[PDB]
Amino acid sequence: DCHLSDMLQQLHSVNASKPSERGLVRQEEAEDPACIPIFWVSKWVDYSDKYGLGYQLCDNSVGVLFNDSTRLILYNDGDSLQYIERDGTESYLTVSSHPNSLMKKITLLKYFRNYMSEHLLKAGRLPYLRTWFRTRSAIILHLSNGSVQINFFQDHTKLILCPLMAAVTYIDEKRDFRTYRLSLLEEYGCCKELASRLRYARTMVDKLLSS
């Protein structure tokens, strides 16, 4: 609900302004360092047919959203866990304590972690993956802190949407991050690439809310 509702409003607003259909476009004036995100998804692995979606955050913590709708997170210390039950209630444990209830989920998480470490390149309180889906053209990753990340398959471009700061970070095809306040894009406008991706984003956030 709330952060996604806000993000949807922010996007309606900027896309409303038709920010690429200008004549004077001064995108760099829309940039805002106060708004650079702390967390985004660095890597992901879809084994959703059998197990779930594994991912790594940019602080090197990893998480899995299992097919039974529970979540397990391993912090970047390599031992601290956070487990999120199907009702959102959280508990904290350690791999080293060998918790009897979770050993199969821990083992699956370590398999995802190793796979990501060995085989995937990086994109660039601690949130978890709250919801995701994929379309033919993107994967959409909604984090429990309200952020929505959209990674576009064709050109490796990505958006990180931050409703708390009404801001978006665009990762272009060279892995360069630029962070913009949406209200400033309305005024100074932007390139058609950023504007078309923000139109797509509005559609995706609408689906997230409705699903």
Given for the second form:
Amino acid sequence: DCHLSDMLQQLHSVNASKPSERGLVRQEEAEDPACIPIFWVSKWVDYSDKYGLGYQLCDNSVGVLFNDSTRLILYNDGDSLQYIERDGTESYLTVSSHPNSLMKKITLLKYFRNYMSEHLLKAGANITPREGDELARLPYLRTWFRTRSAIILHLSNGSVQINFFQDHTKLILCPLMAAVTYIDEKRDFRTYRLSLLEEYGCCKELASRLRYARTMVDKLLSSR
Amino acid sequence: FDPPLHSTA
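Moving on from the form deposited without its partner chain, please list the structure of the form solved in complex with its partner chain.
Now the full complex is given, and it begins with the chain already shown.
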């Protein structure tokens, strides 16, 4: 949890500055759309009482964190597979290769994928992601938890995503850019440099979500 | 396949 420490310090710092508790607030001056995430979670399915958590990333790949802490990942070609065991052992194969050891888990991934496809809305479909690297690994879901107000999704690339149940607003925090992308209730998205929010301030609603984000990151570090 | 919880349907 090296990236989480950076994110905590970053969030602690912005909240301490009290960005909404100022007379002059100019959050537009803190916008940096050069910092849009490469990846975020566009769909999720919590079936952890039986199977685990399934999700979609913005690139159309899918994953499932099974209850046994194994992970299956379908790349956006809908065929290429990455299997990650508890100890970290990874395997690269295909749905069509038909490996008998994994058919139970592959079948489940298809159910998750189908449920998301025909039932659920794709978050940030109106956002173009940042390019990235052709060599870099596909991120996966490291860990997650739900509160009564939000789901918290921590990816292996260090990004933390928080979705709020009440009003559909979402936060995407990247510690590498020290940046936050905010999707409001009207589905508008803005990316802010956190250090610039300390100087220019932001509206009341973003500030309170940055306050909540910090609590959640505390929970993440504190679960180790 | 009826999951109890999920993102915005």
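So that the term is clear: the rigid core is the largest set of C-alpha atoms that superpose within 1.5 Å between two forms. Residue numbers count along the first chain shown, from 1.
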Expressed in angstrom, the C-alpha movement of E90 between these two forms on a rigid core superposition is 2.3
